[PDB]
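In structure tokens, the next block holds one chain alone, the form deposited in one PDB entry.
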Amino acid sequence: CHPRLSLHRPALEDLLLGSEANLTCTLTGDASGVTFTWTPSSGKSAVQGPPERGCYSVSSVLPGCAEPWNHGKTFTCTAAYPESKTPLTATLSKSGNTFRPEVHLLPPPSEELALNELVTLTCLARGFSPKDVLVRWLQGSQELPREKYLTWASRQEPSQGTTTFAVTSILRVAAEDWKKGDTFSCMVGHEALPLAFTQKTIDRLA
């Protein structure tokens, strides 16, 4: 089909921690006699990979893009491929019109509490302009592993005005633990937060 090219942004995890972040480029839609070029960082070991699959695609990565990305500088990734004479162009920078997530941790409903088996904590992150968000959970000061909670994908909210996104996450915990007075937190990671993460902590006492 019609050959297409797009750039993929760096990992929100890597950027929010403040460590080195990989910036990736891929070729969708022929043998890999391919040579990539990058604009903003000159002679910085732009690494390639094998041709992963239907029709093949060659992946190109570029390390240490964090400071320029967060500065807002624009990354161009021109890729030469044998099938054509002249190459394709793809542009990607850090998003504008940023909004901070509003984070709400909602207590378990009366219905579940009464049944006194498992009760459900609902984390709602809402009103944030770049779709990309991290959601993590604490019980006490212990971080729960990913496998112990369910997080939905960030989806666009209704508005005629500004384009915001919302995400939900659901942690199921023993009625016992909730009734002992244990704390439960959801931590929301986002580019627009001045302290990288926002934390909301709920207990039965409030």
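By rigid core we mean the largest C-alpha set that fits within 1.5 Å across both forms. Positions refer to the first chain, counted from 1. First, how it differs from the form deposited in another entry.
- Annotation: Cα of residue 20 displaced by at least 2 Å between the two forms, core superposition.
- After superposition on the rigid core, displacement of the C-alpha of residue 43 between the two forms amounts to 2 Å or more.
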The other form holds:
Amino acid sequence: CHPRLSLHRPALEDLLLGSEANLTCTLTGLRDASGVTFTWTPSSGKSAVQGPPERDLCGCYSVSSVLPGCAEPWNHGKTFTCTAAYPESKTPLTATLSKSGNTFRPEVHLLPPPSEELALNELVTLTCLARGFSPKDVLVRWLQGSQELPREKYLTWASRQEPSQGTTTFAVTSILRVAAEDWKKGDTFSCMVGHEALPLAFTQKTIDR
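Having gone through the form deposited in one PDB entry, I am curious about the other one (the form deposited in another entry); can you provide its structure?
The following holds one chain only.
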């Protein structure tokens, strides 16, 4: 089927919370005998690693390549390029990605548990709001006092573009259900949002009765 090639930016969690944030360039659609190649513009010790010829829809056997360490050039603003060389053609496909522009710092909010909820003394809800920010990419984490909770304990939606004239900005919400006794006792809670635009990568925000 129709061969294609794309560059995947370094996952924001990997950048702000991971060890070695990679950057991928995957050649999707090489429906034929694979033996592909790759070429990166900024190649500096970053010995691109290739993988096994995975399969896609009905046969679009795809192949990837990963560039390690790119975390430095990436935030710097450099622009990574990648050209693949498969047999089903006489021309090397190419892709180019670079950190996004027109960045907009997020505006975080910590909405208190619904008055009607805190009265059924059981499970109250804290809502987090990351509104109007630069690119879609965003991290939302929660703190119980000073301890981060398991990503598994809360629910966070995906970044959605919002109704707006002129500028393209996104939003995100997170729902942390907490044990009423805690909110009542005084236990504090915080919503930490991570974003490409924030200078200090994160923005905290705490609330308590």
